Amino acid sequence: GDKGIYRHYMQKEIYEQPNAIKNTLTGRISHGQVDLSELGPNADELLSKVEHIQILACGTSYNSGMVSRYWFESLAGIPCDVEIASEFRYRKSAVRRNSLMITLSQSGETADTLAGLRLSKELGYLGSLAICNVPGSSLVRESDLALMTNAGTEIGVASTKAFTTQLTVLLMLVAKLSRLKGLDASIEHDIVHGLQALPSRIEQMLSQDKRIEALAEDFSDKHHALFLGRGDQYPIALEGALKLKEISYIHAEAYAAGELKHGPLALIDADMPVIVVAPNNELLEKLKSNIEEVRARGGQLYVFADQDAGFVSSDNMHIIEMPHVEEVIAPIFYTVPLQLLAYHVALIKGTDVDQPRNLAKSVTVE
């Protein structure tokens, strides 16, 4: 509700991430294990029956659900599908056996999300779980179960702490289910350690702010941007492109890194910088070769990478080294630099960061 020393609520909300994550973790971690005994006593009975997870959401909330799909399939071994809420509500879907329905929403009032929830009641889902940041909102009220993110009020029109806290809460849910399915307890312990390290990995990332401010200068006069990512980082490229669209009004688009050659490579020139989010060596090798093909048009590659990968900048390949981080929380960590990049580009251009043109905090009407 107040900015304090910050210039914008969105800036304040980015900087509040360490603390918002600490608050979402509070009480759910008990003895190196996840404690979701707030869902009620019957909770475990339901969760244990789940054979499929369906997530519905819109905007930035869809981006978090997409990250979580990688986590649910690889860590808890449970099949997961994520769908844009507006798409789900207008089509005839095939219901999955013992499917749990999860809705993600900062506001809990998004019309298409609520609509998908309700429709789901008539379709045979085992039950519904709402992950939301606003207590007692419609989605919270009509869902069977609810896990609040507890990030505090988010005023900026573009979501920041609500996204990182949603990813934290989904990661807790992945841990709990890996357990109920009786998977190696190592899986839950790695997640819990990663989560315990999270708040200071982010304070660690906030300290590179001046380096991101400097990079923003290179993007401030561009009209296009391409964000690339593979696996759990693909959705982070999605959120990064969305943030550049939202507050800087640059036509930034995200693409799966393996698809660069199937289309977008023909577009790359000096006016369309390419950003890659945490690639491994094998992926970097491929992308370096692709950017070489567009060197005559001035294509440049900007790479956010772990210092430990030992990558070196070249003339059209710029490594932006980042502190090493635990693999499980990497997608949450790499979001921060992309939130700050969009914020600094907006500050240079002087655009309305807290109320970007034509956008709204929650679309509560159809």
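Numbering follows the first chain given and starts at 1. Here, rigid core means the biggest group of C-alpha atoms that superpose within 1.5 Å across both forms. First, how it differs from the form deposited in another entry.
- For the listed set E73, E109, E292, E253, the sole C-alpha moving 2 Å or more between the two forms on a rigid core superposition is that of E292.
- After superposing the rigid core, the Cα of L283 is displaced by 2 Å or more between the two forms.
- Relative to the superposed rigid core, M317 undergoes a CA displacement of at least 2 Å between the two forms.
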Contents of the next structure:
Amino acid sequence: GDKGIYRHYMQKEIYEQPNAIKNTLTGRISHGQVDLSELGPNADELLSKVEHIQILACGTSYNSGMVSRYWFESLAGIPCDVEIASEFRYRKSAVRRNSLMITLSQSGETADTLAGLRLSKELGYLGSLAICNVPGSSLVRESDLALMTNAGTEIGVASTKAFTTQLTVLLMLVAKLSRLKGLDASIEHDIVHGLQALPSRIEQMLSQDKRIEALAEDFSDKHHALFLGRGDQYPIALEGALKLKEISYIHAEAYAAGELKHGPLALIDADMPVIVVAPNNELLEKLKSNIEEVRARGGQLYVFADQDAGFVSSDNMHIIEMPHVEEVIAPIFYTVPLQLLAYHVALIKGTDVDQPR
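Could you output the structure for the form deposited in another entry, given that the previous block was the form deposited in one PDB entry?
A lone chain is what you will see next.
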């Protein structure tokens, strides 16, 4: 691994997400449909039994699992639950009928997640599927099925392309399951259409990078931050805050935007930066109401908003205008500006963004 033109490996890994996602899609999209034949000819038999999906993960992989739950329920109609592995492995849980256990890990050796999989064997799940970046790892070996993310090696201190490539795999599995259930073929068609557009969409907003870098300067004297999102963007806010905290040591936390009135609002003042992801969807007007709560309360707003969402930059509201994006890939797309934000704030504070050597 050489940095090329990039100044840091984390920078390289964020900017290379278009190529990373195309690597994730290779051989898995054929004639406008999802092709998961790598799973073998025994997969469909199992997968079409599935009536429930249990996801186990931690950290950034838990956040990606949380996004996919919205997809599985809304697009594939399959009940889905996501749990932190360290809590699942020690608690007596209820049996869901015909449940598929999905594990998300980048290394495939994450102890609590692997411990959770080794417990699922004894509780009678239908089967297990590992979504992982390392072939031959324990989670892959010990799972019934496995789908590699093809993200390559990360040298940044936190995962960037590893998160978006997991989401990409999860979204392909949504499309495959939607077909296995006999749902309308248009669902798979629209998912595949969005995934095919996502690399170019990410390339489009990377042009906004130096805007994010300048706005990051506002974080120079701060050590708190608040991230807001709604719907399938709430886990993107959670991931944004995790990134900022892991890489910059800012006390960053995330809330579902419709819940500000339970604590956060009282602490919001002129010294609190509030970061919001605002796609142009059915939740936008409600989100604007939540954004106004923060604005009228003095918060310093940094809003990553679709370019036709109608926001106006004022003194305490800074708008980063995002290109249009297909709604099904919007959570993957809106993660990228938050990665850039954490990267730039980390460097401003003088913190390392790359692993030693």
